[PDB]
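Read the single chain below, which is given as structure tokens and is the form deposited without this ligand.
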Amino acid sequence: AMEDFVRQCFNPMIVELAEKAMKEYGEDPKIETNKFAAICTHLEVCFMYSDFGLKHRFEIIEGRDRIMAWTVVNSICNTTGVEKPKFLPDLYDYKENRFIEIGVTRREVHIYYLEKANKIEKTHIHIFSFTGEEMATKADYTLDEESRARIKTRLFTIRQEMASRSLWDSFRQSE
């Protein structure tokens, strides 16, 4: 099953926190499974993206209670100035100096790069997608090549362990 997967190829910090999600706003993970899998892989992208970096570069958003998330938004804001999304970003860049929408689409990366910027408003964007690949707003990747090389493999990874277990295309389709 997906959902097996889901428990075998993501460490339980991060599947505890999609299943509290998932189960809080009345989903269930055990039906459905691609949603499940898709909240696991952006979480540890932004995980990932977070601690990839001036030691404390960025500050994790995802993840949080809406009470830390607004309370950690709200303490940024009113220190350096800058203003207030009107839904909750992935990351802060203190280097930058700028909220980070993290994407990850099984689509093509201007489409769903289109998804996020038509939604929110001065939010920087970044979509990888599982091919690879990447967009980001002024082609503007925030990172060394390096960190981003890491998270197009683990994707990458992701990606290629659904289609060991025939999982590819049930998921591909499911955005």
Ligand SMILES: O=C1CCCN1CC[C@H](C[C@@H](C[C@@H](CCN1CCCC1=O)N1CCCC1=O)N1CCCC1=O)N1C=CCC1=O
Given for the second form:
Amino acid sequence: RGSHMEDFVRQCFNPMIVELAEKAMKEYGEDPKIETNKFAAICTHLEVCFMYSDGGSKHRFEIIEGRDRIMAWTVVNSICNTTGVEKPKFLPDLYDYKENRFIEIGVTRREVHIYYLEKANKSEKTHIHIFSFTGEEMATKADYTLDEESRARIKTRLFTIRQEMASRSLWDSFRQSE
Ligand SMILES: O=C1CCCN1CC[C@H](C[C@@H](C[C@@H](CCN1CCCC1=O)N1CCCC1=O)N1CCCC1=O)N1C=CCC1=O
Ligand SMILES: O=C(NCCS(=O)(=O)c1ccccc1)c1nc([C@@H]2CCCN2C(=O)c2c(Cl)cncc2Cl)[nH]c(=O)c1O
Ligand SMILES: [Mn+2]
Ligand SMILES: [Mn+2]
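And the form deposited with this ligand bound, for comparison with the form deposited without this ligand?
Time for the whole complex; same chain goes first.
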């Protein structure tokens, strides 16, 4: 059963993002051919995590998202046992070597405030940064980490994904899926 959303994902995101999203869904026991909206969301989150890590200086961020669970956790302990930060309960997405904190990246299609709150309850010390498909963002203590231009490019890319879906009439199904 092959959907339009699946072919759009593979044409919209680069093959390394796609393959990484596929590996993650197989690990949760989910199928990219069926839960195709979640497939698209995971790719999007992945690309945002990678654009974010590219926004700073050369080796400012450690990328924790996109690894297998065991290795991601191994890099968390090394960071913790080197910096003195406490171990998060849940796997974060990045580590900021400059500000010395873990970052949880969020990408939501609903209002930014609602999603921020839910993500907080699911780690007090981990910094949180949410991006919307409409162009909004909210970060912990109003500290947005990156400069304006790096965040702006992420928001542009998110709004382009939104248009590409709507042009194909997959947006509304994608928006009401979350
Ligand atoms: O430069 C570009 C333009 C678009 C594609 N691309 C590759 C560079 C990175 C991905 C990552 C990929 C990679 C880094 C290289 N490694 C190390 C482990 C195995 C592997 O693939 N991963 C995968 C998950 C953990 C991690 O860091 N990056 C960031 C560093 C260079 C690179 O390829 N990136 C940044 C923009 C989107 C994107 O994919
Ligand atoms: O890393 C993550 N999960 C594994 C580590 S965790 O400790 O289980 C973990 C669990 C929740 C939050 C953070 C870490 C992670 N998960 C989510 C959501 C909720 C859980 C399932 N889920 C997804 O399948 C998903 C989605 Cl909806 C969008 N984009 C990527 C992914 Cl994976 N949202 C993220 O923002 C994210 O970073
Ligand atoms: Mn993650
Ligand atoms: Mn995340």
